[PDB]
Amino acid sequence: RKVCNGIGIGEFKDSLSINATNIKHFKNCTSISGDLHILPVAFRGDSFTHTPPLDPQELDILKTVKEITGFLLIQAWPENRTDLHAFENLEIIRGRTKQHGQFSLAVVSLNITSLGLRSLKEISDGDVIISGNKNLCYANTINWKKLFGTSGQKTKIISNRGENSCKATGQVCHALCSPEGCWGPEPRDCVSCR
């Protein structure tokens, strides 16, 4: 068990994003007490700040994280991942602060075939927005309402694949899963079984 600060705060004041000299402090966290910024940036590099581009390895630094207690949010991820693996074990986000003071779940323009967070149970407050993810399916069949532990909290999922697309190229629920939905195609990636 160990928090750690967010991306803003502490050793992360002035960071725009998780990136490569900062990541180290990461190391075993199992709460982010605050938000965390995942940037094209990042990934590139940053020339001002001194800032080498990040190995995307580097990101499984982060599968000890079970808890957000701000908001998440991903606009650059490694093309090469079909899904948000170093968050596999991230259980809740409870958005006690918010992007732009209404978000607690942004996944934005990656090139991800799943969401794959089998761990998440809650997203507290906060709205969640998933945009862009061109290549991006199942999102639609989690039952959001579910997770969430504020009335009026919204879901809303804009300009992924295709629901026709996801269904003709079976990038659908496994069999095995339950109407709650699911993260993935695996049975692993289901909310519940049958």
The other form holds:
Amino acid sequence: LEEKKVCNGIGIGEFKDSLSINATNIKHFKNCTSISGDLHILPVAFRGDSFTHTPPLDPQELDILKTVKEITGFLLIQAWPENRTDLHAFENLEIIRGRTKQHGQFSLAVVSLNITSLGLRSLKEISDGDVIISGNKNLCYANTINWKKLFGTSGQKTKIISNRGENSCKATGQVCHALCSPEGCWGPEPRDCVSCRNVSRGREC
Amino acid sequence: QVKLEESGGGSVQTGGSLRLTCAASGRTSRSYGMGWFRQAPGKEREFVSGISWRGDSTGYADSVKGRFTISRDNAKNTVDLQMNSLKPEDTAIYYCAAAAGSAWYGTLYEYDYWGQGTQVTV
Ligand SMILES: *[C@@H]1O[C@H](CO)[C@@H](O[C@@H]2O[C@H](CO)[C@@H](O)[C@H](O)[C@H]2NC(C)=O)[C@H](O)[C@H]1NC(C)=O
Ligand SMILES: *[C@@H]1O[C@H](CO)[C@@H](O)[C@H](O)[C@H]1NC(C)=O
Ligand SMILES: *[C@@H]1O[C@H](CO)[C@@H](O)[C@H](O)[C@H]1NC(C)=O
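Could you output the structure for the form solved in complex with the partner chain, given that the previous block was the form solved without the partner chain?
After this comes the whole thing, all chains and molecules, with the earlier chain placed first.
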């Protein structure tokens, strides 16, 4: 039995006036499989906000987002817990339609985090919009990805800059597993392969 | 949400003054810390100045001590940056940023909104 549930995104409905996913509203994202709208994750989330009587966000609460397989708008991650290495909360995210875009341009924006990898292993389609992955000092693996395998339209481009240098990434052994194809990876594990060179019983090669 | 537009940039004579402005649009009627940042070619983005919501507290990078001045008119919903005694080291794209709450911060990791930025060449 497969259960689905659609929830409004940030800037819409119950969260018309919310700046970001916070400790208050994240409870309401429980059981959501699909986000009609956008996701913003901003520094205020973890900092808290007196003005709106919002406590700081507990990083464990981001596990609530693991049910989300689809975002019809855009995904914006401008903050993340420092003691986490990937976007684990979105490990089951499959589609970003980019019907609404950030600044009318980006459907996926990962900016200024201390993550080492993306971890978006279930991601298979970005229907529209560009992808910016910028300012992540410790981020590897991002340059390896075959983004044409994920895009929907020919005009979709990519702005991947100011992350960890491919020099350091390769030197630190932070590269794609040997089982991975040349299509890149979301991380060092065999489950992080975009596709497999030989065979795969499922996610793992 | 909030949108910020930077205005006031351009080219300057080496040693000349200049005044950047940043206008905010949207749900602007709440506590925001505002800050100015910049990014030089081939360099990383760095902190320049910041100001609290009430206007009382401010902060400046060491490289701009004495020269620059920050100010805001919350009625007009703006925040400006005087930049006297400019120098070719100050040549960069300058961004206006916002952090929800009263405080300003000296790093970029705390700011929630960003403008598109204006080029400043000296
Ligand atoms: C965090 O999310 C909560 C829940 O949506 C937001 O609380 C709402 O804030 C608006 C504007 O201040 C009020 O009109 C609503 O009455 C609030 N609802 C509830 C249930 O508290 C809050 O603004 C969000 N905070 C941030 C910083 O995004
Ligand atoms: C999630 O589903 C469970 C049923 O398994 C339910 O108890 C819970 O209330 C649901 N979450 C929300 C936010 O309604
Ligand atoms: C990420 O690391 C930088 C140092 O490069 C630090 O200033 C920042 O606070 C870290 N991020 C978080 C969310 O703490």
